[PDB]
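2 protein chains.
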Amino acid sequence: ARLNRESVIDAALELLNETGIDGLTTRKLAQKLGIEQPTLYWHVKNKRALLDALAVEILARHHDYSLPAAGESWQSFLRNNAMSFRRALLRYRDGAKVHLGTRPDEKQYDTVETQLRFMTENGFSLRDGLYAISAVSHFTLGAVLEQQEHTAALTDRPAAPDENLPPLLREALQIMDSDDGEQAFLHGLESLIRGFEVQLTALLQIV
Amino acid sequence: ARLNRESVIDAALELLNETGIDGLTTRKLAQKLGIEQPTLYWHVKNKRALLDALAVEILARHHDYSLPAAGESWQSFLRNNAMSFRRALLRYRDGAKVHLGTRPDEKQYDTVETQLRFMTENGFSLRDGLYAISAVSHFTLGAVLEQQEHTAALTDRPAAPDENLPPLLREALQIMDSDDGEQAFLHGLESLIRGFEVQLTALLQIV
Ligand SMILES: CN(C)[C@@H]1C(O)=C(C(N)=O)C(=O)[C@@]2(O)C(O)=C3C(=O)c4c(ccc([N+](=O)[O-])c4O)C[C@H]3C[C@@H]12
Ligand SMILES: CN(C)[C@@H]1C(O)=C(C(N)=O)C(=O)[C@@]2(O)C(O)=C3C(=O)c4c(ccc([N+](=O)[O-])c4O)C[C@H]3C[C@@H]12
Ligand SMILES: [Cl-]
Ligand SMILES: [Cl-]
Ligand SMILES: [Cl-]
Ligand SMILES: [Cl-]
Ligand SMILES: [Mg+2]
Ligand SMILES: [Mg+2]
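Here the protein sequences line up with chains W and X, keeping their order.
All letters in the first sequence, in the order written, are residues 2 to 208 by UniProt numbering.
All letters in the second sequence, in the order written, are residues 2 to 208 by UniProt numbering.
Chain W with its partners taken away, still in its complex shape:
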């Protein structure tokens, strides 16, 4: 196998789907690429470095609404950007967990700066613009993680009684398991955006 950056990442992503984040080891990556371990080490030093790179690559490859379009409202941008962020996390097993704890990479500086400038140009303080951005990110990460892990632990865990469930909770579970969690995510997303709009609009008024 070829051992440049692109090829290693490609093989690491494939491996992530097969084994998940817990079972993604340097050993298994060397076996996957048909090489001895000291050969891999030349290229990739440890698991952390691998994961940091994957976090950046997943967004680079699949997160395609990272910038506002010409004349787009801040409401719209946040919605579209949240939707894009969600898809990209979803495309790989444990994708959301690969993201967790990372900060913007050098490769992402210009992009993330532009998002901050863009909010402030629309009348947000840097601070409220940051909070808006952060709340969308967190809401989105949380939604995705609960479902990615729920579906993962579905193997080991018993399942669910269903018999001695109370009636609202029973119907609640049927509703969350209906779809991705997409509905609940899109509805919760709108609440979040409208609340930022009410905050911005009010200015110094008591609200």
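Rather than coming from a laboratory, the hints here were simulated on the basis of the structure.
Beta carbons: idealized from backbone N, C-alpha and C, even for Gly.
Watch out, some of these pointers could steer you wrong.
What the hints assert, rightly or not - Okay, derived cross-link-like pairs now, DSS-like style, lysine-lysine, Cα gap no bigger than 25 Å in a straight line:
(1) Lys48(W) with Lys29(X)
(2) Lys48(X) with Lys108(X)
(3) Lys46(W) with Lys33(W)
(4) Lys46(W) with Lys29(W)
(5) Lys29(X) with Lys46(X)
(6) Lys46(X) with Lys108(X)
(7) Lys48(X) with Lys48(W)
(8) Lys29(W) with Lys48(X)
Stated by the list, open to error - FRET-style restraints, in silico, Cβ to Cβ:
(9) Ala61(W) with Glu19(X): 34 to 40 Å
(10) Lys108(X) with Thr156(W): 19 to 25 Å
(11) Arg28(X) with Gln38(W): 23 to 29 Å
(12) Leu155(X) with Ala154(W): 39 to 45 Å
(13) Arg28(W) with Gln184(X): 40 to 46 Å
(14) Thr20(W) with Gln38(X): 21 to 27 Å
Fit chain X with the ligands to the supplied structure of chain W, relying on the hints for placement.
Frame of chain W; chain X with the ligands shown alone:
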């Protein structure tokens, strides 16, 4: 060491703080309790069972605003409950990650049902009541996870250039690292609540 349920959990939580979720093994738990492994197995069958129990115990012990007070508004309850949920997750290393993927335990049925009944009594459909509840949970889990993991990976990861940072992003990072992430969480929480209020209020009106 005594080996009942209470004692095992107590020792498992202590261990979780020392090693985190990744390094919490049955082997190390047997060494911690001064026992051989087949002795532990009698009591605790595997890691998953352990973790499921911890998830439930952390909330039982430290999540103290799980119910509305007499005559409390739905706005207030959601706020207080989110704040309580956050603290409880924060009390242990990887606490939020211990929660992830779990569903309400038998021990939590009555409590979670009451929360659903409570929203519907305030004019939510079961469905919008569920979504409100879920969005708060996800927002809260996401916020906590990003900071718990950020602080964890702070050991392995280089750090941050700081030199070639763009200016808004530079000041953004100084702002998020100012505190827990508490400020950003509490502000994002208010936006979320007000947005649910706008949705509920409007009824069948276009909004
Ligand atoms: C944070 N608040 C909103 C609630 C809560 O306080 C408790 C609790 N035990 O007190 C919880 O169990 C809670 O944190 C929690 O984890 C929940 C769930 O996991 C959950 C609920 C309802 C439905 C699903 N579901 O997936 O279908 C859930 O995963 C109830 C919510 C209620 C959540
Ligand atoms: C989801 N939207 C809102 C943004 C985004 O689309 C990108 C991106 N590269 O396109 C991201 O890098 C993003 O997902 C992301 O992970 C971010 C961060 O990790 C992040 C940001 C600003 C500040 C911090 N911080 O901790 O201080 C962050 O952790 C920018 C946001 C912008 C986030
Ligand atoms: Cl080749
Ligand atoms: Cl090569
Ligand atoms: Cl004893
Ligand atoms: Cl005993
Ligand atoms: Mg991020
Ligand atoms: Mg839960």
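How the hints compare with the structure:
Restraint check: the Cα-Cα separation between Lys48(W) and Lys29(X) comes to about 23 Å, which is no more than 25 Å; the hinted pair holds. The hinted pair formed by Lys48(X) and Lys108(X) meets the criterion: a straight-line CA distance of about 20 Å does not exceed 25 Å. At most 25 Å may separate the alpha-carbon atoms for a hinted pair to count; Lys46(W) and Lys33(W) meet this at roughly 17 Å. Our distance criterion of 25 Å between C-alpha atoms is met by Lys46(W) and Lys29(W), whose separation comes to about 14 Å.
Between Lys29(X) and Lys46(X) the CA atoms are separated by roughly 14 Å; this keeps the pair inside 25 Å, and the hint holds. Note on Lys46(X) and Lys108(X): the hinted pairing holds, with a Cα-Cα distance of about 20 Å set against a maximum of 25 Å. Distance check on the hinted pair: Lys48(X) and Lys48(W) sit about 23 Å apart at the alpha-carbon level, within 25 Å; holds. Pair hint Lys29(W) plus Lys48(X) holds up; C-alpha atoms about 23 Å apart against a cutoff of 25 Å.
Distance hint check for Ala61(W) and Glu19(X): the Cβ-Cβ separation is about 37 Å, which falls inside the suggested range of 34 to 40 Å. Hint check: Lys108(X) to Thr156(W), Cβ distance near 23 Å, so the stated range 19 to 25 Å holds. Between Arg28(X) and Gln38(W) the CB atoms are about 25 Å apart, so this pair conforms to the stated range of 23 to 29 Å. Taking the beta carbon of each, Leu155(X) and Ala154(W) are about 27 Å apart, not inside 39 to 45 Å as hinted.
Between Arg28(W) and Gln184(X) the beta carbon distance is about 43 Å. The supplied range of 40 to 46 Å therefore holds. About 26 Å separates the C-beta atoms of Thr20(W) and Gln38(X), a value consistent with the hinted range of 21 to 27 Å.
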